[PDB]
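One chain comes next, on its own, written out as structure tokens in the form solved without the partner chain.
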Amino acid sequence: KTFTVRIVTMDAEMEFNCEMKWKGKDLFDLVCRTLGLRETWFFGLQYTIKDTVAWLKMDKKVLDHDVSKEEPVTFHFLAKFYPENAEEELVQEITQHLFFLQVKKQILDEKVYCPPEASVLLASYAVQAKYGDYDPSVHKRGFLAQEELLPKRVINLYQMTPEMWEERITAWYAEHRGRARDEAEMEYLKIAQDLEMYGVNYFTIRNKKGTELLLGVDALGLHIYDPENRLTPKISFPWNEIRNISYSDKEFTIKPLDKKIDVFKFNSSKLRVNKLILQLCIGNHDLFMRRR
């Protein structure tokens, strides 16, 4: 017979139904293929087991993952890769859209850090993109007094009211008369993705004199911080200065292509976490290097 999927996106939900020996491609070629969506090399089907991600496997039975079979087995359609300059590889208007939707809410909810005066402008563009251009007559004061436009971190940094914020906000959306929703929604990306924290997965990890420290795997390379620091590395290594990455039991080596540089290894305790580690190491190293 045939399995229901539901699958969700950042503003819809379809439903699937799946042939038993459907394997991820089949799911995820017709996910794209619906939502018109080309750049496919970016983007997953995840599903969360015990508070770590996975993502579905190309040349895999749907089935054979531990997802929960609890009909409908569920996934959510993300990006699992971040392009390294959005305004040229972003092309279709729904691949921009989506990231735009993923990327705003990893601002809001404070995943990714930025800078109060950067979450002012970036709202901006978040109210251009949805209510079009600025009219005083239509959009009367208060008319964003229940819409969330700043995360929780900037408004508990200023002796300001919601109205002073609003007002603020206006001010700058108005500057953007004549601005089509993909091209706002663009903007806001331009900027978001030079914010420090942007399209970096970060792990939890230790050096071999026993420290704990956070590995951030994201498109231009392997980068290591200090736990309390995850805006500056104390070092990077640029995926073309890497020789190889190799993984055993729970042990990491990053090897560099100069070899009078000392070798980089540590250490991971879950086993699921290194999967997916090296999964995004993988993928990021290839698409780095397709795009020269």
Given for the second form:
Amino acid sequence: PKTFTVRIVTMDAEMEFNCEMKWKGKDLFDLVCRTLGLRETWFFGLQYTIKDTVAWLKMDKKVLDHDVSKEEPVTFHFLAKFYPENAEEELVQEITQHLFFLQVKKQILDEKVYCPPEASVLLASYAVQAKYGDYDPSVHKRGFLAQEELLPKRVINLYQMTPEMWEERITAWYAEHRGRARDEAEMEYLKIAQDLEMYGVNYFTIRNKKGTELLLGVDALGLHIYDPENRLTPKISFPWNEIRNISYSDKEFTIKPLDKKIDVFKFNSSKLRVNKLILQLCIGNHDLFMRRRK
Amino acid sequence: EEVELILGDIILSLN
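Could I see the form solved in complex with the partner chain next, after the form solved without the partner chain?
Every chain and every other molecule in the complex is listed next, the one we just looked at coming first.
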């Protein structure tokens, strides 16, 4: 056996490959990207969960050196690791937009990203427009969306309405999207979703030097400090162009601002696996940040 | 548009 079977899962489908026994992360990754027709690769990674902490396939380490569950077939999930500051300008390819659309929609439906009720209905309408094409009362009669996962449970429970009260609302918006192709409807979804507050934010529980539990936020704009009860609005921000360095040692992070008069910010994070993910996310988001502006 | 990761215990220099 010169190869082992790798199962790749995207938001769209699952597929399989033969991974060479000594292939590194970049080898498998490049193969998955060519197969998809995806040239905008900087956004994506290959993910697997072990002990409930997310890990990303390191490009220059052997796939089999990773501690992924090696129960056949070895499985990874193709997912956006980074988000653009503007989807409509940075996502050139249709495959890229479509994968982003599905990953973000899932986030909003699983309530990992907060969405207000009225925007949730508008979001659903573009999703419906994307899946069914133009509205047609002949084909799409009352009840055609009864089995569809369209709204977050929160919005459904917020104001108790029957599915057919929500269908009317989503259908009413649906009818006004007439003429929009799948790719257009999907980009309109992203344009709304990306202005949501929790969009593109990686959250991590941390503690300041006084022992106060807090949330570190890592996104396309920079590092952020949140209160654990408020994931919508960060109390402190450090934009990528305003950080001189980020230091790490023995579970302690030290953010050093560019402004020499601003005091450093220190925090603790207990897990080594999370600390390297944080550092990774820092390097990546900073790189994409500085490239949009080069 | 670049970064440099360096041991000492690691320091992430951002430009």
